[PDB]
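A.B. asks: Listed below, chain by chain, are the residues.
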Amino acid sequence: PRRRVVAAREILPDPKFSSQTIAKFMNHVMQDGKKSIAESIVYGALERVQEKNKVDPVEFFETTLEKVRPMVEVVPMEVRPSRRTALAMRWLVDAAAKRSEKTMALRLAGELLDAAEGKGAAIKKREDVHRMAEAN
Amino acid sequence: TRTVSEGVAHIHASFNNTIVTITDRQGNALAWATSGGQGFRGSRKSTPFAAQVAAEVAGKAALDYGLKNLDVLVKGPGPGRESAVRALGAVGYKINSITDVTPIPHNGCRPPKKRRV
Amino acid sequence: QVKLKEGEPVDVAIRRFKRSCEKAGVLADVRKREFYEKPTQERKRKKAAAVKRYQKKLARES
RNA sequence: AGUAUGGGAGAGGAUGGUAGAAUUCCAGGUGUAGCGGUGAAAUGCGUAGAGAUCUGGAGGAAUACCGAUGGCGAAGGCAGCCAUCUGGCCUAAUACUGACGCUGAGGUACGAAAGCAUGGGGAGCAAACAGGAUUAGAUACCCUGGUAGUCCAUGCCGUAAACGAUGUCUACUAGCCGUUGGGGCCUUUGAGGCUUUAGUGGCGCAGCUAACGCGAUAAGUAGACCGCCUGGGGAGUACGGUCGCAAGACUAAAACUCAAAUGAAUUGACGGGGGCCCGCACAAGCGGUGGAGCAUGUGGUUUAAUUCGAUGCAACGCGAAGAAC
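Chains g, k and u, in that order, are what the protein sequence lines are.
The first sequence maps to residues 2 to 75, 87 to 148 in the entry's author numbering.
The entry's author numbering numbers the first residue of the second sequence as 12 and each following residue consecutively.
The entry's author numbering numbers the first residue of the third sequence as 3 and each following residue consecutively.
Just so you know, not all the hints are guaranteed correct.
Stated by the list, open to error - Stretch by stretch, here's where chain k covers chain u in the computed footprint (C-beta under 8 angstroms, at least three residues): (1) 31-41; (2) 52-58.
Said to hold, decoys possible - If you anchor each label on the Cβ, the simulated ranges turn out as follows: (3) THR110(k) <-> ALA61(u): 37 to 43 angstroms; (4) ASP140(g) <-> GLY50(k): 38 to 44 angstroms; (5) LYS68(g) <-> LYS5(u): 55 to 61 angstroms; (6) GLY27(u) <-> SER108(k): 16 to 22 angstroms; (7) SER25(k) <-> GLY27(u): 51 to 57 angstroms.
I should point out that these hints are in silico values taken from the structure, not numbers from a laboratory.
Yeah, the Cβ is synthetic: ideal placement off N, Cα and C, and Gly gets one too.
Please model the complete structure; the sequences and the hints are all you need to start from.
C.D. replies: Shown next as structure tokens:
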């Protein structure tokens, strides 16, 4: 602003898992107010990862998020925690968009599973940030 | 081929460049690198990052001759003196002593005219 | 002649040397040597410095 | 006002030696692809080897720190250290001469920098000039080079915002705070505190001034002598003369033309002056336009007519909330 400090806007927990992380991911996926489509996409992927490995959807998602989380931007300085997660979700949706499959939910589940082993364009971009950070 | 344990580093840091020269004692050159030799053409030659890059290359080159402890002399009011001296420790030498040897005239020759920019 | 003792780090050595050079003030002479200063300008600058010094002394006295 | 005797401070002057730092060049080792420079570049230097680093040599010019609102000198000016020759100033007490004083038209001496003459010297810097940039153009500012000159000896020139924009000499008129060179007193042991004198600074009463300001270093109160001014231009110009090798300097008008030209301060406005502050101004984000097809308005062109108005932001889906008659 210039004079004031504006508080962050608190988002409600997801009504199905009570997960603010899942709610934020849904908000990142959603376009032009179509919340139902984003909910379907996210829930389908959460069920798919559960079948393809029997793991808890919430814990598996947090672990993959922490794996794809950067640590630094760029002038080196320490990125604040919220921006880390905000940047990780953007990479995870962008890279998932470019796979070839029938539905967005299946692509999201597939690349979540792929990133759980460190294989994916998001992790590659993370290594790129690591390299250019070593540059500075 | 020649092996020497104790060496001297010279950081000539001007406002347009920085030259890092590694020699033994009695001033016989062993390895050197400048910001111009790693790209960084034009005005970017004076950045501290280029000085660090040149210092790393020079230290790694001298590691072949096999120095472990060295004495550092910095001359010139360059922006890359601190980066050049820091990069040597990162490379892995032991800086026994580091000093400033910039020359000062005792009211000698006349310097050039002032720029009316 | 910053001679390091047994176990200071490189950064500590750098900062201590920077403090020593700041105390020595060699860079001021190097900057002064870049261009020629005419005696008129030198006298004007020294007169201004003396005036500022005397103004500072009265302020510190009060 | 001056003289003799003791002591003191100082980049005062002239001559001759000598020391260290640094720049340039040269010779030689180590060593290998850049160096240099700018807002960004380029001209330029370099593989017949630079730049960097080490050793030695040559030469010229200037004296870091001390360094100071310090010091000395009539002014111009004077800074490493040492010797020789030499001028002035401050300070104490007696002694001595007895108005020997102040100013000064003509005259005469000194007089920054640039410039001139004869002979030397030449590191760095650098008018003129050459090239590279920038620009609509660049003749300039910026960059790479570079000759006079800057230095020495012997002479000339005689001008500067040569300024404190304040002629020299004398006496008197509240105070407060610094600093330089001396004298005296007091403590009391060694560092301080009071006075007095000659300089050098900052405030300020009275007084003065158009105001700004000055104010014992007067622009106050008075006295002595000298120089100079009489609206702005033409004009420190022409003619004549004197001086100078020259460049030029000094003395110095008129015709003609205008009703102004100036000083200080006040209110605004502006500044590619400075501080502080705000705004989707930027920063962080999410969507667009600029590309395609179509709708609509404008410019242009065309036409018998393509009715008229709106033109940077603040005109262009605007007047028109609706042209087949």
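A.B. asks: So, for every hint listed, does it hold in this structure?
C.D. replies: Against the structure, the hints:
Counting residues of the region 31-41 of chain u whose CB lies closer than 8 angstroms to any CB of chain k gives 8, so the stated coverage by that chain holds, three being the minimum. Given a C-beta distance limit of less than 8 angstroms, the hint that chain k covers the region 52-58 of chain u is violated, as 0 residues qualify and 3 are needed. Taken as a hint, the range 37 to 43 angstroms holds for the pair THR110(k) and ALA61(u), whose Cβ atoms sit roughly 39 angstroms apart. Checked against the hint of 38 to 44 angstroms, the pair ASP140(g) and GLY50(k) fails, with Cβ atoms roughly 20 angstroms apart.
A hinted range of 55 to 61 angstroms for the beta carbons of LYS68(g) and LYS5(u) is inconsistent with their spacing of about 48 angstroms. Evaluation of the 16 to 22 angstroms hint for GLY27(u) and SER108(k) yields a pass: the beta carbon distance comes to about 21 angstroms. For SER25(k) paired with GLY27(u), a C-beta distance near 19 angstroms fails the hint of 51 to 57 angstroms.
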